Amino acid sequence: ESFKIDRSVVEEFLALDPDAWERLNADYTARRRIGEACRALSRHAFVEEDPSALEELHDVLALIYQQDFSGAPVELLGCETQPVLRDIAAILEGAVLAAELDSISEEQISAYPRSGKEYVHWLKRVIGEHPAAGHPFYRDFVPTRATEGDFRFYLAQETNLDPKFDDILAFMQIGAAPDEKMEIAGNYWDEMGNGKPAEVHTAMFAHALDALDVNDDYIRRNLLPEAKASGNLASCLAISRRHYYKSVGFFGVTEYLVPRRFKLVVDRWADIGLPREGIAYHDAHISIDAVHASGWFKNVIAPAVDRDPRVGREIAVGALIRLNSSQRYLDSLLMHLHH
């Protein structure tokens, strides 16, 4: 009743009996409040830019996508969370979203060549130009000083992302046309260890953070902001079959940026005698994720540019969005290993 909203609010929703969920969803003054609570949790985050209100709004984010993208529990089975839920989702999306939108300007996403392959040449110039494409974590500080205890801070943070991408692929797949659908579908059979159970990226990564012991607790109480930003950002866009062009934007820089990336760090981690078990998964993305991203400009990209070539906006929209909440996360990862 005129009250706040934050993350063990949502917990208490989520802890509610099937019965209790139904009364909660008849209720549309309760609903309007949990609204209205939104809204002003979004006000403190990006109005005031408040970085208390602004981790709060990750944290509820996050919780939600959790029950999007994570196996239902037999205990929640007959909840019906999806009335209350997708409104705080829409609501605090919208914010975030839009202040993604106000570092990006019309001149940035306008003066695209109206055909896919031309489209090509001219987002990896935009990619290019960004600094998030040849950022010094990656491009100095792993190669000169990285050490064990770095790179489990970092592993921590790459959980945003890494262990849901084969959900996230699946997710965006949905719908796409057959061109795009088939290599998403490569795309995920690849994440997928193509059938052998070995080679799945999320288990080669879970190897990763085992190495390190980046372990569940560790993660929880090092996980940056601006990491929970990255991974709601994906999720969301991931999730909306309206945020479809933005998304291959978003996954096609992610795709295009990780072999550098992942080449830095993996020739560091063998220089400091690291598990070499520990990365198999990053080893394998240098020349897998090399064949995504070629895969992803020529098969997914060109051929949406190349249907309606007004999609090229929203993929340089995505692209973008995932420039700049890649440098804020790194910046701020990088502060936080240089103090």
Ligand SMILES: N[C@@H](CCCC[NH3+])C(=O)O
The other form holds:
There are 2 protein chains.
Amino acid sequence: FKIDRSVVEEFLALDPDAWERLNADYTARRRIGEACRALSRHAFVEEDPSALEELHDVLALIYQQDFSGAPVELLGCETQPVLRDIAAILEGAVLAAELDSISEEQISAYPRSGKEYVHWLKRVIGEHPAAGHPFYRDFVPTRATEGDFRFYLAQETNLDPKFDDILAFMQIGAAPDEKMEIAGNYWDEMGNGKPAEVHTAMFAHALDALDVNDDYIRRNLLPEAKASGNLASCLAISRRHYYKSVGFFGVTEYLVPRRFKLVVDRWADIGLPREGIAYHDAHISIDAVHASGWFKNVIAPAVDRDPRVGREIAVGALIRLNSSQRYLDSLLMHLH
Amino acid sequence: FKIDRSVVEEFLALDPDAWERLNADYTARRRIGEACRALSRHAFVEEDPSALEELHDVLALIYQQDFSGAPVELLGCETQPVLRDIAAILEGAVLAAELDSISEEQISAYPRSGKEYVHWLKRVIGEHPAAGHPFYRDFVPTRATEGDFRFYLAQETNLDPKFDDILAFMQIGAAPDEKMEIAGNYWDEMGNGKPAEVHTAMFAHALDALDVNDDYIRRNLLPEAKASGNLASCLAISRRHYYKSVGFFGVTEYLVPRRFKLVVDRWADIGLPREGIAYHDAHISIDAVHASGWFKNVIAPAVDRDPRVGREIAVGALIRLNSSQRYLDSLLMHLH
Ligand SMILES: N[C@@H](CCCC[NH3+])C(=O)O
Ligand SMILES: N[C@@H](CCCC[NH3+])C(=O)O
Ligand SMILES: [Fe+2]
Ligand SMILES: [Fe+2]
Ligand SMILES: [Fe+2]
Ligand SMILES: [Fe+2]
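Now the other one: the form deposited with the ligand bound, given that the block above is the form deposited without the ligand.
First the chain shown before, then all remaining chains and molecules of the complex.
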């Protein structure tokens, strides 16, 4: 028995009684798990490109159930016993592969106090090529066309359309200082209460401005873009990945202003719809404040509370940087 | 093989390799599930009081992992395959028992438009005895002592200490109007950014004012209080329970002002610490606004979007009312 996206699609078509029957059958569930481990092996031991994309198509479908409003037809279907087993197996393989790229020396030399840790982390980020990737530094200012930006924005649907809920998952159970900062960040994503300023709505308008429609996205989404989106989902939704999440989205906020400024200037230079740039325009200022608040009020207090979490935060930062690098290298390569 | 709280405690003591070994052994996992179904039968078919409390002690331990910041020692432990199977089985039994108390006629006669549905729901709530329970209407104004309030507050740790995260879970994936309202409610729970006004912090101060310490809570928490807390957790953390959640916490906001006004007036009448009443004092005004916003901006738009969800919202409201009734009846009975 093989597992792939269509198999999980079929699962999600079952009615509530079919799900209950599947959930009671641990022989069928063992078979599902074994199929997941085999898919994992093809994806990350063999590194078969098709199996890797299949694995991320499966994870993306499951996270869709975690992150999207459930349809009325699914309300009685107990999907957690099977979907969480599938996600645990494929996630474990995805994360083991990220960790294979991270050395112990990268994640252990940090100072064991909060303010010092922030300086160290900013330096560690600055050394990574993703912090100044040529897609933003060279390709965008000098060559990016409307067709380029439309392809790029399609990749970016992996993260931006769900940033508010990533923050809402993350802050669950967080200590007070960290929680307060993530809460204020979430409230900013929610337009501070003004529907026109909600960030997902403004991102959607940029997508409409370049006709980044759902079918264009489906055809053009890169495997590395899928993996980036899946990593962000994976880390946000488990409490135990919280400190990884802190590093992963700390890097994210930190890098947005330099990246979006390059996109915005080029977007205006080639006369693209001023309506669409509003999303990126906004974040250039906002995320300088978000990055500063995140370092000062999330990362530094967590490290001061328990310096052992500096290692987790560093892992999550490097996961963000490494996966961003693979995504931008693949993106630039497809854009020629 | 039997399952109980201590067995799940032992699971949570395993190291990451032990969890990985357990997760790969579907024979051990089948045995765990079968033990859960047997515990369920004792709890809800036999209605053995001890098995029922054991079942809710197990669920409470699992939800603790879902809602609490993970300790550094647990960060590498993949608990989802087993804990989610246990939760799915015990939850299914808890919810089937709630639904046994809900008739089809209760949840089908509603008007299929949002503003009308709100009037109908408010009437349905008004007919339930939990909407004017004698614990608040008779016992509190005339007899409640400091020792009574301390016992009561211990029961209330089932819900209030996690209300902000219940809202954060709920709003995941919500449609825009509903999301905006839940977001503003969450931001209010977060003191609108002022740490002194964060609601969990003010609830904790009321607990300190009466010495509602962790050991007092552990000894005095009633089984119905545990079930109330577990219901709230169960509904909030699954997307498919969202519309139940909408009814469950809609009833919650609606009932707070009348309930807290009675508690506050009596608290002041018997000279208890003015510091502690600040929590309840605040909510009397705030939750009149929260209830109005919830009906107008969560319930009515959801029903106007898809009237089929009126049935789910009604189920969740009645689950709240029924479980509140059992909890307050048991509470009043223990207070003599
Ligand atoms: N997609 C952006 C992050 C935007 C964060 C959402 N507010 C990036 O990869 O740089
Ligand atoms: N424990 C309260 C609900 C308080 C809601 C938290 N802000 C009740 O049962 O009425
Ligand atoms: Fe944003
Ligand atoms: Fe931001
Ligand atoms: Fe509150
Ligand atoms: Fe409220």
